[PDB]
Amino acid sequence: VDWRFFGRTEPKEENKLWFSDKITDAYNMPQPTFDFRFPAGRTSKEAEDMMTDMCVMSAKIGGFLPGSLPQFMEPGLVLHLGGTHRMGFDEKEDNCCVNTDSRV
Amino acid sequence: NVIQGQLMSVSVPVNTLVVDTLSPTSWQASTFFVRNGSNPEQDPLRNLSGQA
Amino acid sequence: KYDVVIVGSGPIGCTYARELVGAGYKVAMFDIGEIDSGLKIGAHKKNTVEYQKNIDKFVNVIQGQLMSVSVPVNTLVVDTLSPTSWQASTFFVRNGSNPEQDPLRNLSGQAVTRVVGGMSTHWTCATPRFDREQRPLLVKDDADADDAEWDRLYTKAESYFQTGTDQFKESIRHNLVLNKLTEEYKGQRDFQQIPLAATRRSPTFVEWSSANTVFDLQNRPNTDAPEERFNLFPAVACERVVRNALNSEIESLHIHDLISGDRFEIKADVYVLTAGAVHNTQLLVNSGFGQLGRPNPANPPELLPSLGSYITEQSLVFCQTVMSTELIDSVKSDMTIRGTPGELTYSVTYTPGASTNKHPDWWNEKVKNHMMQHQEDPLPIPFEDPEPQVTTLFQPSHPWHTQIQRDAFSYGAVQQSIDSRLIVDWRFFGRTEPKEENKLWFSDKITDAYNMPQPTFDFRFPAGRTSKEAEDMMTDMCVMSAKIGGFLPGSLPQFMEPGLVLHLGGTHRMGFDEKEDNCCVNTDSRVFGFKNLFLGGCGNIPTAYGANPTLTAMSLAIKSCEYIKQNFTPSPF
Amino acid sequence: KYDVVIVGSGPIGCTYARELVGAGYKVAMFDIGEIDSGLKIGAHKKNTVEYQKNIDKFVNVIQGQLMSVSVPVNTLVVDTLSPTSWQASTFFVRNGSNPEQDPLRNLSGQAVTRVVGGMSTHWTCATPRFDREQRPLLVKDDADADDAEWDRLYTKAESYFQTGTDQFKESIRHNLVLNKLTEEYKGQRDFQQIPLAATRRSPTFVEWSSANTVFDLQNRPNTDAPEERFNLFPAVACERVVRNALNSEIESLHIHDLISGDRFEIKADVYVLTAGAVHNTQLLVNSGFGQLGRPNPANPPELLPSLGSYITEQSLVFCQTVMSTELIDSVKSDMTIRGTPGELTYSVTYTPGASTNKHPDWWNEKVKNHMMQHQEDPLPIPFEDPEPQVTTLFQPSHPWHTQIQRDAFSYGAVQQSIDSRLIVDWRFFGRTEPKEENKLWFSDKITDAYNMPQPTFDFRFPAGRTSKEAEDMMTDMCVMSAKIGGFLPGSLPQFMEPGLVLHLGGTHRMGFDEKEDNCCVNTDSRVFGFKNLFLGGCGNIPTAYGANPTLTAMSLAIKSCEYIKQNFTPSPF
Ligand SMILES: *Cc1cc2c(cc1C)nc1c(=O)[nH]c(=O)nc-1n2C[C@H](O)[C@H](O)[C@H](O)COP(=O)(O)OP(=O)(O)OC[C@H]1O[C@@H](n2cnc3c(N)ncnc32)[C@H](O)[C@@H]1O
Ligand SMILES: *Cc1cc2c(cc1C)nc1c(=O)[nH]c(=O)nc-1n2C[C@H](O)[C@H](O)[C@H](O)COP(=O)(O)OP(=O)(O)OC[C@H]1O[C@@H](n2cnc3c(N)ncnc32)[C@H](O)[C@@H]1O
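Chains as they are written, first to last, in PDB author numbering: chain U, 469 to 572; chain D, 105 to 156; chain Y, 46 to 618; chain X, 46 to 618.
Isolated chain U (complex conformation):
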């Protein structure tokens, strides 16, 4: 049995996806670059509490499989990236890019 537990990440202004003005990708487009750390506070506290929850819960079904012991996966392997062009009611007030009609 596989266990995958997925945590929530607070949006923080310092967490960015930006694009190189010099370097390009395979399609000659500006090369994507991440400036990302999991926020301190709630996000990190919950992530570790989440790991513990999976250890506790999974023990009810059986022991860990060697070679697949409890672990954090590499950041962004999960592919659930959001907030790169985020929605809100007011551009300035909600620090966002699109409205609730997804209109820029």
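No lab work stands behind these hints, which were simulated from the structure alone.
Keep in mind that the hints are not guaranteed to be accurate.
Estimated spans, in silico, between C-beta atoms of each pair [what the hints assert, rightly or not]:
1. U:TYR495 with Y:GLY457: 47 to 53 Å
2. Y:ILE382 with U:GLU481: 21 to 27 Å
3. X:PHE428 with Y:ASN289: 33 to 39 Å
4. U:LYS490 with D:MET112: 16 to 22 Å
5. D:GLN132 with X:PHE428: 42 to 48 Å
6. U:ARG554 with Y:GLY457: 38 to 44 Å
7. U:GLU481 with Y:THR249: 45 to 51 Å
8. U:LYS490 with X:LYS490: 35 to 41 Å
To give a feel for the contact side, a few chain D residues facing chain U, derived at Cβ under 8 Å [said to hold, decoys possible]:
9. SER115
10. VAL118
11. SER153
Built from N, CA and C at the ideal position, the CB exists for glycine as well.
Take the given structure of chain U and dock chains D, Y and X with the ligands to it, following the hints.
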């Protein structure tokens, strides 16, 4: 394998792993230079290395 | 001819030596292994200046002297050989494997050490007492008297080992870990330093105890002990104790000198076997106790039917953690920190004696000095900080022993990327119910490297409580360790191979009545029916225990020595 | 105050001790390391009965005492940590790494051993002579006289080491390998047993030589040597030799007692440094020879400008093979074999003395007995067969040393599937041209675990001949080994990490003229300009060599002792 076959990494930092078991006749650079499609802008410690 | 012969120069044999040499007996001691620890015979191998400056190297020394007890026949397929290479058509018995061994009913991790001083040349030195729930009875039907007997014996044992609980009191990391854990358990689990057989000599050097601490193993008489009589004979395999016909006395010991190759017999009044849990059993079975060969429930042994049954070994779980931001920041919580490290304006200061300080001035001085003198280093932990040595001892509500430390460890290339000061080891040790079906037996056909009957395990962790607790123990380590930091990749929470822990007991177990308690020795460690044969070691322990057993084994050995002293007279000098 | 002080108790220090104690000098010897080899001080650690019954365990003992010289700063990314774990924002200097070390210009495999007896406590004991093409000149402009000098010195060195070439003559596997290789090379390469410093005591036990063989390291005078004077002082770090102003004499040696922590100075007439290739250099640079810090071509050292330059280390390639069907079948070529193993009609017979037999009766007896008494075993090789010990020595046409053996090896789980009798190790060792740009230097800021200037390598294998030969050497091992069997998966042909081989030379090299030969010592191993300072060890070797260097180092040390004997008078007893 099908999943792995179509996930292309977004930003790969410059690799700095030391391989010092090469033959003396093999060419080797004196630095860990930007290679193999790595992104030289990418700080390896502030990445989403798994993003694809 | 001697008064007493002791087989094995481990810390339990040395306990007998210490007591009986001191009492004026003419003692001989034999060990199959050799003197290979320095001029302090049987001393701890980690007590060199060079090891304590390169501590992770010591794991190699441990590995170098753990020889696997029973290896099953290997059936791994290698089909990438060249076509010209020879290959058998079957997975035949090879490379010292034991063909009697079922690979799925083994203690694959069980190993033995054959060197003077035994495993005490390399052990971790943790010497906790067993609480009542883990401990065999020495007095029946009076718990107070039983507690008093145990307290007196353990106190003497702690004396011999030089057990202390204060040698790591000035470690920042020790404190950091202990102080956090004790805050998080609501007063319902107590955390202390692991009781350690060790004496600190300086802030960077600890003299770990060993067999040598217990008894120095020098031949006597000598200048320091002109009226004592002791000889030690290394590289002598003890092969057989010779039973009389009535099974009431041992009459000699057969030995094989490994150097000359000659075989002798040695006469003593008293024979003590302290060859370890595995090798005590083997020597007994080779002498006609229990039985050789696959055991049959139809045909039980007539002599010591319980020998080699009810064996126990602990479940062991392990991980490492990387210390949390919260804890690293707390190290420096009392400091005012201004500027950027390495720049002209950088400073780290504290106010001595301030009441709002979390830490005493000794801590703050060390941290401030480290931070100001090593501005290239981003951690507040000083460089020669002693390692954490933390436990919460076994209790009914958490019936497992715990050790939270930073022991010698061979980090992989990627783990070595993590600063060692951040790394904490977790080892949790479970207790195993004694079950008659769990056995150590010996082949009637196959022999080991010393031409002795080959040991074979028939072991599974008992169903019920033992297995339920082991898994609850794994969970406890996941929960507890999360309070200090996340898991270190490559050292994620795992069960270790059965018997890697080396806390095997019950192979020649103690009780009040041979039949009623299904046992082999009485509370004097005397073999039932025999006037003059005693066994010492963890194999005597008949109970389900989680804590490290050597101190308890030693305590039983002191009691056994008292019996010998009360009943056998030393020969005249 | 002593006549002679020797720094280091390795086999080269013991050579000086042997010669000079014997000649009647009052000798002191210091070693930073401790006595930890048994009561035979400085003896080979593989000389226990237990290791020779469990030989693959000995690799752990070697690993346990090789401390890396210079480790670069690690920059491996671990990004699978929990978010609560502390992490630095940079790959900062940690875990004892050397921040001066360029990771791409290192000898990452270089390590040192600090124990009494040095590396001779664990070495492989191969003691070949160097042919002319590898060997420094002791006499200029007369090759015959040079050859005579070398023959006399090597002969004495072989005596001290107890070097032999016959101790493995009855190994089936030795023969199987040697006899095949010599048939396949058309008479143009000669194969012999590796000359080994060792004395066989029985068919399953070899007493490997060490420093102890050379000099027993017991204090004198003693009962065996009432008129000799020697003291050995372990756990003493030798820190500095004190130069006079004219750089013509050493005036004292500063020492640090590691146990008490006190620092002393010791006066002698003669100072000999035998602390190894790395640590001789370090002790000299700490005493003001050469220079501390990153070297500058602008600003060369005024004292011993060649110290720490022209360093050489060998290229080393390795694989293992699994013995071919052709060779395994040849073992039993003289046998008539009828029936199926384990069945009533199975038999294996030969005709003694038959002329058409390929093998002598001693071989055929062993094989027939093995095959008939172990019918469960599919191989014709007896179980306690000694290991192969085969070489073809360096020659102009194949300028690399070779060793074809079966040494201690920690096989992975899958390799352990292959019967050990089938497995053969290949190690080929190349020669490295001395180049001025190849350096060992010492940090002016960073210190090692003993508070001494931190060693740093600036090394690449020279372009040209050295690199061309190394790759030709790899190819030679692929070609040669294929004659015996295919490669063992997990041990495929590979270059080992630079300096793992531990045959570093040229760090304080010998020659006739300091300026002309770019060197540090003369052919008496005397430091140029100094009346009373001598260096011993592989660091003296100035040439490109492939063969194992210790015997050659020892030969130079005997010559140095002769000079000391001719020029310094022992003090009166
Ligand atoms: C391996 C080790 C063990 C250890 C541990 C960590 C490791 C890496 N840490 C421990 C700790 O923190 N606390 C604790 O209580 N125990 C720890 N251990 C285990 C401990 O070392 C053993 O429990 C203890 O050493 C047992 O003592 P004992 O004296 O009973 O047995 P021994 O040390 O194994 O020595 C027995 C000897 O007798 C010899 N021998 C064996 N067979 C023969 C024969 N046939 N003839 C003559 N002599 C024999 C051995 O060679 C040996 O020295
Ligand atoms: C590691 C080993 C080495 C070895 C080998 C296999 C391995 C696994 N096999 C070899 C073989 O088959 N043939 C051969 O010729 N060499 C082999 N080697 C290498 C060999 O062991 C060395 O070449 C030899 O031991 C060198 O001898 P030497 O006497 O020059 O040096 P040493 O053995 O390193 O001992 C030097 C000692 O001095 C000490 N020390 C170091 N620093 C100090 C200071 N500051 N003060 C006082 N003492 C110092 C050491 O502790 C040491 O014992």
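Hints versus structure:
no., hint, result
1, U:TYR495 with Y:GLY457: 47 to 53 Å, "violated (37 Å)"
2, Y:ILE382 with U:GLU481: 21 to 27 Å, "holds (25 Å)"
3, X:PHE428 with Y:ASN289: 33 to 39 Å, "holds (38 Å)"
4, U:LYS490 with D:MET112: 16 to 22 Å, "holds (21 Å)"
5, D:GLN132 with X:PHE428: 42 to 48 Å, "holds (46 Å)"
6, U:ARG554 with Y:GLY457: 38 to 44 Å, "holds (40 Å)"
7, U:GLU481 with Y:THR249: 45 to 51 Å, "holds (47 Å)"
8, U:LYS490 with X:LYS490: 35 to 41 Å, "holds (36 Å)"
9, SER115, "holds (6 Å)"
10, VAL118, "violated (12 Å)"
11, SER153, "holds (5 Å)"
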